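Taking the hints into account, I'd like the entire structure generated from these sequences.
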Amino acid sequence: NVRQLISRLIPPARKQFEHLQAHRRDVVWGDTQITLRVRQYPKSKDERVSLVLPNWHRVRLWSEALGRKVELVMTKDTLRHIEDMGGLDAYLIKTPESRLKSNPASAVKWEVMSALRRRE
Amino acid sequence: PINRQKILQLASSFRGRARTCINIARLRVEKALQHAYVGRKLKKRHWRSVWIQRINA
Amino acid sequence: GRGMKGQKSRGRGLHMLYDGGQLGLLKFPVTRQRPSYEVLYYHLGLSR
Amino acid sequence: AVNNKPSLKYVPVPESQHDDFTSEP
RNA sequence: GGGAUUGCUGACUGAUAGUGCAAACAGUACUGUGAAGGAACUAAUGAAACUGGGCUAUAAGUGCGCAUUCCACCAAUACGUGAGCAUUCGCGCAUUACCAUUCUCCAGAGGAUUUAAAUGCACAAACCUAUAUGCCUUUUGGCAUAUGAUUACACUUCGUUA
RNA sequence: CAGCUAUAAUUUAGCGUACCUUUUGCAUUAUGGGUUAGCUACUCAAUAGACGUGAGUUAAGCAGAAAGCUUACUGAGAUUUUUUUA
RNA sequence: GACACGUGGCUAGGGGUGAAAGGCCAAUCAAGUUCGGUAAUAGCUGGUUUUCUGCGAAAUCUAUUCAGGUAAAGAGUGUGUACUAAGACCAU
RNA sequence: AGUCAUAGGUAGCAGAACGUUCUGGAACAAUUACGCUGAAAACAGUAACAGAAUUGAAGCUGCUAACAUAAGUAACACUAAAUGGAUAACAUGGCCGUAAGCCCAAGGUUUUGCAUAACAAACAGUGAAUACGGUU
RNA sequence: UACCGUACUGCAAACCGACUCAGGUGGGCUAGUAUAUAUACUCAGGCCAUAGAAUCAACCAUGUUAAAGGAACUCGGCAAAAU
RNA sequence: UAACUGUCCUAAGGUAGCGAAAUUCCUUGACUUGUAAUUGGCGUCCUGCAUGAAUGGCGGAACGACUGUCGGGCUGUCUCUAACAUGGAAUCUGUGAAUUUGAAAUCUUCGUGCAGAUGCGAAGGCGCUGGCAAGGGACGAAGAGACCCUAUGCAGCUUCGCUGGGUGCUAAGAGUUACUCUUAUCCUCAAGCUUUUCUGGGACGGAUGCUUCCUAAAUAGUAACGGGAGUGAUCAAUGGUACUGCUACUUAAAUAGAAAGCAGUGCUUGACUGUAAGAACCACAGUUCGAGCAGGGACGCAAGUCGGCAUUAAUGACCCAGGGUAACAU
Ligand SMILES: [Mg+2]
Ligand SMILES: [Mg+2]
Ligand SMILES: [Mg+2]
Ligand SMILES: [Mg+2]
Ligand SMILES: [Mg+2]
Ligand SMILES: [Mg+2]
Ligand SMILES: [Mg+2]
Ligand SMILES: [Mg+2]
Ligand SMILES: [Mg+2]
Ligand SMILES: [Mg+2]
Ligand SMILES: [Mg+2]
Ligand SMILES: [Mg+2]
Ligand SMILES: [Mg+2]
Ligand SMILES: [Mg+2]
Ligand SMILES: [Mg+2]
Ligand SMILES: [Mg+2]
Ligand SMILES: [Mg+2]
Ligand SMILES: [Mg+2]
Ligand SMILES: [Mg+2]
Ligand SMILES: [Mg+2]
Ligand SMILES: [Mg+2]
Ligand SMILES: [Mg+2]
Ligand SMILES: [Mg+2]
Ligand SMILES: [Mg+2]
Ligand SMILES: [Mg+2]
Ligand SMILES: [Mg+2]
Ligand SMILES: [Mg+2]
Ligand SMILES: [Mg+2]
Ligand SMILES: [Mg+2]
Ligand SMILES: [Mg+2]
Ligand SMILES: [Mg+2]
Ligand SMILES: [Mg+2]
Ligand SMILES: [Mg+2]
Ligand SMILES: [Mg+2]
Ligand SMILES: [Mg+2]
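Protein chains in written order, with the authors' numbering: chain v, 4 to 123; chain o, 2 to 58; chain k, 146 to 193; chain O, 75 to 99.
Among the hints, erroneous ones may be present.
[Unchecked claim] Label pairs and their calculated CB-CB ranges:
no., chain 1, residue 1, chain 2, residue 2, range
1, k, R155, o, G40, 42 to 48 Å
2, v, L8, k, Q178, 55 to 61 Å
3, v, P45, O, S90, 54 to 60 Å
4, O, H92, k, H188, 54 to 60 Å
[Unchecked claim] One-sided and incomplete, this derived list gives chain v residues near chain O with beta-carbon spacing under 10 Å:
no., residue
5, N4
6, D49
7, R51
8, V52
9, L56
10, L103
[What the hints assert, rightly or not] Chain v is faced by these chain O residues, among others (derived, beta-carbon under 7 Å):
no., residue
11, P80
12, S81
13, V87
14, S97
Bear in mind the hints are in silico, worked out from the structure with no lab data behind them.
Where is the CB? At the ideal position from N, CA and C, for every residue including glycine.
So, in structure tokens, the structure goes:
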């Protein structure tokens, strides 16, 4: 039914969905999941599909691997995940390259690996 | 309804466009045949009246 | 063979079971009693 | 008059699991 | 699903039909500022409306051109080419001449009817382009697991010498 | 409403309120058509009912089918038999 | 002069612009034009093309978001079944 | 093959047929047809038996094409004005003259020149050399 | 010291209006009586091709004049005349 | 006349200054002037159908292709038209349309008739065909929308019509830690949907079940926004059964009733469970009567009655929701 409910989107939710489809690979997507809010009216013949908009913050994480801070856009729950499994270094090492659906996470991942390898 | 060549050759001796135009001649020939029915039925009455006039004179 | 200017003359606009607005077929009770099994069994007579 | 307050439901919009790599490197 | 070659494919159409277009230049002339709309026109034959005048008042042959099968040269594995109407109740094209004798209305205008044939229409055949279990499917994809996020690993082996 | 019927046969007599559509009712001063030619409307598929014509009957149909599917059948012991007669 | 003109530019359709008139936005604008959904929908209007033969109604009644529509009953046709009748008249 | 009975019809229902195009049954128009009539009608006069239909048209203010009617009718009245045997070069007269004259722009894009008919568009014509306009 | 424009038309029969359409179309130059680019006649220059020919119809359009009156006309001196 | 007092619902009953006025029904408002004669103006007066400081009340200079009136002059607007000029029209030559069109060879009057006749009937008339004129008819032609009604009709607009978080602010939580997210909701903005029918047109008013009486014409049946009464119940007795006294009532009307009336008593719940042949009726759905059979009961010695009340009104399908019980299931 989901392929139907995407086609039943109100124009603000549809424009927000197009922007989500454009700028997904620009921000960190650790455990982030987009969601539709379809509300069910009991006096029937009305199913209004919308979007549950994610919340975004520009947190400045300190990398304990290489001596700098990086700024990068995240959600609350992926910040929970990163700061509750060990930090940016442990996340960028132990989450390999495909659960990262993100470009700056991949770039800082390569910089952590290269700087750490030259640090050996 | 009635064959078109039949309608044209029945309307052969008409006057005007009711001789050559087929869809005027069709209505004229239909009215002509309706006249022919009543004329055939009135032949008998007319000639009986004519005979009775001659006997009376 | 259709008559003169009704809704039957227009063709395919009215279902056969429409009866004017009194929904007589919708005035009878609905029974949901499933029959017992053995009606799905094959029935064979001793005579056969 | 009648009441028509809706019941919310969240559908997880299936989100293909591991990855693909058809995008920009 | 889509794009081009072939159809001894068609109880499909035959120029107001069939594509909008069978045509020297049809998506043309022309229309619109523009996006966009969008014609007519084959070759003969020459119906009617119309308008003047007059009047009345022997289901056959014979030639060509091919296709089928024989033959003899063949790449020698599907036919490869070449004599032959040799063969077929084959296919296409070409061709077949009457000679009077006047009591037939005539002249124009017009482009219907009739005849002829796909380069039109619909497909078909190869050709090229585009993960497994079960639920719902509905000319096809949405959902968990597994060889799995990993730069790595099995296979088209031609064999023959009593 | 321009015709009809005439042994009327260089010319008369009689008869004669177009068609269509829609209406209780139209010559209607209600609708429509200048004429002629071409084009222009009950189609097809699947399913259901009925009738006509059948097939098969070892019940039928679909199918390659001893898969399968859809329709169809499966019950009572009921005194009756020679034109009369030993 | 709250002026007129010329040459490019900007604001575009549920929108623009309006010293505000339902005005103007390329001669049909209280919702431009073109294309697509679309062969929209129309209980309404119009139309329905060869012939002959046989039979032959109804405009009552009930219901209806219904009285210009529809359905059932009555009245038609074909087919089947069945009576000298579930028939019609007349007499006592 | 002689007697009887029935035969007005709208809506509707039922039955029998005519015609058009194409196909199957090997081929039904090579050299045409043409005595002009026949039939109840649709029609026939170049098979018949079956089948497949984009199968029958005066009738939708239908569409396309042609041809009539109105009818040789209306129109050929905004203006300065023409005359001499020519839309004349010549002569006479008149009209504009802040235009109806002259030079450019926008736009048009060859509409520009040549023959006392003609065979002529098929032929010609736009020159930056004043520090002309543009291009900057 | 190259390249592009240079014909013709441009208040119009050649542009925009389906037309040889009485409509719409920007800038500049100009002589005398004379005096203002108004007005009458004229200079330079241009024009008198796009239906012609006579004549007393009615009537229509546009004007001139009109005796005696004078808004009496008419919804309204509208239209003309008048300054 | 009602100045001051007396009253009733009531946010409050309209001041100096306004008024038959852009707006006052009576209407030709009485009053003066205006003209010989004035319903349209001017200036007063009051009797404001339905005037009035922010819908701004009270008038003014100048201004107006604004509106209504009076004088002077002027003249064909007129009494009452005439002549002339220019250009059409009319004649000829040349070029050369369109609206319209069922076919026409299309007379008058009276009558008839889908109700105004060229076409029908009766009577009469008419040599034939045109040019130039006038337009009474051809219900001339030109638009299948002037107005009214209807549609399962559209469209836009309005609102204390309905529903929505879509939109703007707001509320409460949360995050980065002003901004953002989640949820909710007043008041705005933008939408989406509804907004019956019968009707001697439509609107207005009225009504929409059921029963009875007249229409309704002596089986039954029979219409009209035709005419007169009722009803959407009551009652654990006003139910059932067995009795006791008396006799003109019982009721919505009709038919009926020596009890089916009026007062009482003794027991009881048949105001049940499961059915029912056969009929009335009737489009269908439903509606009405129903003897009899089985169960368990009531009253009565019995006979026998009782599946509510003398009857005809008080009886809203199905769906949906809820309750008791029974079986199966998890
Ligand atoms: Mg006769
Ligand atoms: Mg007789
Ligand atoms: Mg074609
Ligand atoms: Mg053609
Ligand atoms: Mg076509
Ligand atoms: Mg030809
Ligand atoms: Mg001819
Ligand atoms: Mg007759
Ligand atoms: Mg008609
Ligand atoms: Mg007409
Ligand atoms: Mg025709
Ligand atoms: Mg098998
Ligand atoms: Mg739109
Ligand atoms: Mg009757
Ligand atoms: Mg009705
Ligand atoms: Mg008959
Ligand atoms: Mg008879
Ligand atoms: Mg054949
Ligand atoms: Mg057809
Ligand atoms: Mg002439
Ligand atoms: Mg000259
Ligand atoms: Mg130029
Ligand atoms: Mg001009
Ligand atoms: Mg024009
Ligand atoms: Mg001009
Ligand atoms: Mg002059
Ligand atoms: Mg001239
Ligand atoms: Mg005088
Ligand atoms: Mg003249
Ligand atoms: Mg009369
Ligand atoms: Mg005359
Ligand atoms: Mg005349
Ligand atoms: Mg309605
Ligand atoms: Mg009730
Ligand atoms: Mg329950």
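Status of each hint after checking the structure:
no.	hint	result
1	k:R155 / o:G40: 42 to 48 Å	holds, 46 Å
2	v:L8 / k:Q178: 55 to 61 Å	violated, 39 Å
3	v:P45 / O:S90: 54 to 60 Å	violated, 34 Å
4	O:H92 / k:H188: 54 to 60 Å	holds, 57 Å
5	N4	holds, 8 Å
6	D49	holds, 8 Å
7	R51	holds, 8 Å
8	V52	holds, 9 Å
9	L56	violated, 13 Å
10	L103	holds, 9 Å
11	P80	holds, 4 Å
12	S81	holds, 4 Å
13	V87	holds, 6 Å
14	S97	holds, 6 Å
The earlier numbered hints that this structure contradicts are 2, 3 and 9.
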